[PDB]
Amino acid sequence: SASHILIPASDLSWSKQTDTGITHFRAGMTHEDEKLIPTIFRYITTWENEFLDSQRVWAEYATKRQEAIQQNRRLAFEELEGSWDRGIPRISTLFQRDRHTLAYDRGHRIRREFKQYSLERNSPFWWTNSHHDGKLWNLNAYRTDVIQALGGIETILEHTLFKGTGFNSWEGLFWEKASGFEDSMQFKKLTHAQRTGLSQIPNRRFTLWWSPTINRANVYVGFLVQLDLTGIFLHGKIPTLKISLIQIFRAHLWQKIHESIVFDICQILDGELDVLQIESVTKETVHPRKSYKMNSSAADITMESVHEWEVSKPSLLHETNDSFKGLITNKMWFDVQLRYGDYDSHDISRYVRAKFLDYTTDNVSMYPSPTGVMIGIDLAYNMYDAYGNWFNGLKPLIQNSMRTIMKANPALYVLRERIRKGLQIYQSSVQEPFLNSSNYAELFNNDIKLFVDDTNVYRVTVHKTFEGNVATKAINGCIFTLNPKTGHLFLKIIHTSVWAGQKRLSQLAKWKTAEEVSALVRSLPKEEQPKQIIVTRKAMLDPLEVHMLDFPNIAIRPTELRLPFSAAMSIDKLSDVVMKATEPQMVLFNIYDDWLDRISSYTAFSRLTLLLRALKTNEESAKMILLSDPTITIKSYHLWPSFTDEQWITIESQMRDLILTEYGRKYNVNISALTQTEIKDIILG
Amino acid sequence: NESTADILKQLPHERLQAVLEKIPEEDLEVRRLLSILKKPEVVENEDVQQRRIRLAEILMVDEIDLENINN
Amino acid sequence: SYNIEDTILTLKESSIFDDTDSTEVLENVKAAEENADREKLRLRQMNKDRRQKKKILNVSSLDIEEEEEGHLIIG
Amino acid sequence: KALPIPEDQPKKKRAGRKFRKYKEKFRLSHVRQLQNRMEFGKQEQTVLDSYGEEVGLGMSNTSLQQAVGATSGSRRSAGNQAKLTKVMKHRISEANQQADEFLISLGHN
Amino acid sequence: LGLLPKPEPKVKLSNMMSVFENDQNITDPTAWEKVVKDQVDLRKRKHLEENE
Amino acid sequence: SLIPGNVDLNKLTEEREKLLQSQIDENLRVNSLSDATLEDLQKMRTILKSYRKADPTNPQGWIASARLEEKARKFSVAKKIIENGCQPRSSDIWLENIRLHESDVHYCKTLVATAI
Amino acid sequence: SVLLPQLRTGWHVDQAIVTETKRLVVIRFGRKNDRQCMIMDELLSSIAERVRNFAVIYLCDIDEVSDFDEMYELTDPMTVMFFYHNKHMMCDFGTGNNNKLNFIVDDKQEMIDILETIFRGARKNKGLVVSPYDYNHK
Amino acid sequence: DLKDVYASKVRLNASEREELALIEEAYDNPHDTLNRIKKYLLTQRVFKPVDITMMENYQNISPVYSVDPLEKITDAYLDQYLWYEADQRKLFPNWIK
RNA sequence: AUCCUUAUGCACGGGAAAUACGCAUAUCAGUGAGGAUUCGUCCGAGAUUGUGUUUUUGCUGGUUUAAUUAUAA
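Protein chains in written order, with PDB author numbering: chain A, 1401 to 2085; chain B, 22 to 92; chain C, 148 to 152, 159 to 223, 232 to 236; chain D, 354 to 462; chain E, 262 to 313; chain F, 151 to 178, 211 to 269, 272 to 300; chain G, 3 to 140; chain H, 918 to 1014.
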């Protein structure tokens, strides 16, 4: 902005909800130099000031050059780090990595003006390459000064729906550029009209995101209308927001919310008959259309007295001091009313006591006893209030009720999705698609790849005895990595001695591992360094990255498949090497033995997944199934007993059978009910 | 059991395929019948069978009457 | 140093910065996946029963909340 | 020629192996998505176009790689790497050899 | 029109991992290796055969 | 490949000249990417803090929070952070801190001296 | 013009509107001495064949047959109306009168996006088509 | 400098991806492409038509030319050269600016 | 009797492209389609015109509980 236009003081007021109570904010009571949207004019340096800095800066340059030269040294990067950003050729130029090839570029400035002719796009900066000169301005600071000068983020978001999606804090989230969605819809085949229709949506996400302040009295004036079945008003047609709001409320969602809440409350007091001595409580019948009818209202929940109840002056959920001596009466009700608010009125409380005092003292509103509590809710902001008559054991209950509820109802939570689609905000987890059973076949593609296990790295194992109890030891652990193609393992054993002098071994472990991976890749010539390194435990995303930074090519996935690579340690030869380890070391193996020469990597990996997936289950009772033929040799070379192919047909038939049997036993779904899919998922997860 | 077998025979490949069936199999007899129909006696590289086919195609395309009506 | 249980125990998965200063646990590898797959299974059979037999769940606030709800050794 | 008919059609979904490699072209990459995701509340990375105008690459670098300016190697799809049209291809190669024999005529002489 | 047998996917080693034909893709790893391998040699034979 | 940040020319040239001259003989931190945002810098500070409080000793940990941090900023932060964790057997900590904090023959040779 | 066929009777009208099965019906109501009723006649003259698949165009002077004037409320020189399976198609232009049409559209491509857009809407049975373009200020 | 029209673009149209192809090939097998250049210099005197479309300042219409991507290469090489030498030999004096 | 070669056909394995390919009673076209240059020559088979598809052809993949009926009166 270059212009003088300032912040109407009414727009700096905001709100927040504490469990203790609503807290409010206005910074506008205190009158100061009133608030101006900072404008470009201050963020730019007059050309003079620069050029002058060009003389001097270049001077101290050439001098200090002759200084390091006077040492036969070259200018340390250090000095000029005093000031980079100043001078017309600037500085970072001199430190550009590529300068040796730019000296061979000449006459750029004549070109860059001529680019006018060769091609179309306007080139509003034609007087510099940023390679030669560097960068001639920073509008960074501007960003901040606009935010702050608008009163800090929160005071903005109060202008949004963002409370509606009810993320607690925004700090984990990413947007979705619309341009992506739009383009991703352009590669299809679209009529020119269809094409224009992709102009809109990147608005339509906007006017939602701003709908509270766009939609309000002070703005469109005009006359209200309601959306069809719901409780929202439109000061003007706003043809976008209408449609998108509809798609936020369908299946008559408004109601289903209402009912869901009320229903949950009676499910509360229902349990509470005892505590308060309430002779009963009823969900009333409701004119089905009540939830959104505004002018008039009826009660909802009915409440009874073993003897009677001492009412109070009607008060607010967060208020403390009570007068029960005020009255004594019998039987109570509740209303649940929803309003979907604006930035104009986002504060419910006043909305409550307006509706309480009104409807209570109203003629047409029908509340069987003039005793009962108003519970309203802001859908828009997730706010809630109740201004009721009061008993012992209500507020201490009810507060705890609502709290739990806002975290709970399927309904509300089906706003907080269905909206946060419309806005397309997402929580950030990881974009990287995991291996799933669908994804699975890709493993055998031609990428060099690894699996990595932290499970057995730290092992203190327990056994039962005669006297004290629980024989328990720290054990040399295994860091179990493999490449399913060549079947080379890597075991980094971590010896107990390293563990001793540290605490809180959880994190430190994972870090030990992450290093073992980084260096372990560094034991590989890049020809043999892999691409997808497939993590098991999610938490290993972070620690690998930091140590895998220098290897940008190498993508890291976790999976959803629980992979039985720890049960390998059950193997004799393995636990031999590992249990005997006196020091942390690296030990290679081929788990495939040679199944390769016999049959392809795929199967070879499959049957392996069988042996393991069972060795988490039948374990030794499976180990007999391996050992049921003594005639058959296990070399020092190999691990698995060699066989014929047929013999494996038989084995894998058995092994296959087990995991089913024991599975459908533990989980008591008979084997016979399972789809081929389902079975193999069970083999995998 | 009609429209099926109809389209089935009405399909051009089959419809030819019967017309192949009846014609003799020799170099000499067929090749004769070729040159009688005026066509080139031999096409550059073809083993006998393909020559027979080559007739059948010529018969269908032109919609000639049968080889007896040829003669 | 905190335990959950010739049995071996391994460190349970925990995030570095989310864990920060917190009590660390020792679980059995087979028992973790065991319990998790029992619970998740109980959810699946209830899915097939609900969607197949077309029954509507009671649930709501306290039930879903309780669903959100879902020994030291010296060595 | 008459514009066909506005009416949409049920999608034929045939995804082979072959057919897939023919798709990878027209469908946004992975990286090309990790542009689009704009980290909330925090200014983008942007770079300067030819024209210096800023192309936001929003998430294309995991925030650990912003602090170090590590750019990305990540994954580079060879699937959509642009390739010549048929015709143009032979004009290229053809002209290349022709110029090369002309050259070798400057080679021996 | 039904007269002929509906076709079936040819399955090679490279292709074997992919095929979602119902048949023991994992469960029988080696018995599934079997039908594939003997499938290929079925064809290959039929080639040599026909030539002869 | 067109994600614009990744490009610098000089590496390009060395790689290409080798490709060309080799062919014929057989025939016989870039400026473009904008600076680190604040709270990301804050994040790396945090994760490095957790990885430091992993092991107080084992200097490679502090070394990371030295080098990685020092790559975006350094300034006084890095120097005080390297002087802290050095509280000495490994000549490596000294190889890095020498090369860093020295800046003058006097203090250069104080990191020389106490090291010796 | 010569491409555009014309109507001489309210009988022609309602038969046409009934007797075009599968595609939109477009009718200009306007008086030959009007200005726009020439212009718009041209614009539609250039789109006739190009749309002929999913719609069809007819010219009707109010002065010829003024019958419908009362029932469809015809003011202005030129009002185009769209009928598909005998139903009056209603596409809100933001102009403030959702029914029918009034003013002049100055782009072929536009006009096509309209005839199309409405069409596609009318094939689903939605009574409201929402124009691509809000020209309201007209 | 034939690359950086694109470095923003998400979606290459047809003619583009043709160029960007060439730019990458010649950018890959240089010795060949250089040879192709040198020949073009030493002989080629005929060229494919070149296409105008006009920019706008809304005030001065300016012309805009577009050339076959091939030819554009030998050009941009040559041009690059002439400016390199010409300033190596100090042809252009001060006041041309 | 063996081999190579050549072309064509049936195949088998493998890769590549699907801005490619068609189609046409079109129209022409070694009786020159088209092109080049060092201006002496050289090269020598399709081009035009219209038209259709072309994020595709066929197929196949996964998520938005039957009837019958029994008492002592």
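Some clues are possibly wrong.
Listed below are the simulated BS3-like cross-link pairs for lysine-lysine, each with C-alpha atoms no more than 27 Å apart in a straight line [as the list claims (entries may be wrong)]:
hint	chain 1	residue 1	chain 2	residue 2
1	F	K256	A	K1464
2	H	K1007	D	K442
3	A	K1637	A	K1693
4	A	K1589	D	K364
5	A	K2066	A	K2080
6	D	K376	H	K956
A few chain H residues that face chain D, going by a derived Cβ cut-off under 7 Å, partial list only [said to hold, decoys possible]:
hint	residue
7	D921
8	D945
9	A1003
10	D1004
11	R1006
Hint data in this document are derived by calculation from the structure and do not stem from the laboratory.
Just so you know, even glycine gets a beta-carbon here, dropped at the ideal spot from N, CA and C.
Query raised in the report: Checked against the structure, which of the hints given earlier come out wrong?
Result: Hints 2, 6, 8, 9, 10 and 11 contradicted; others consistent.
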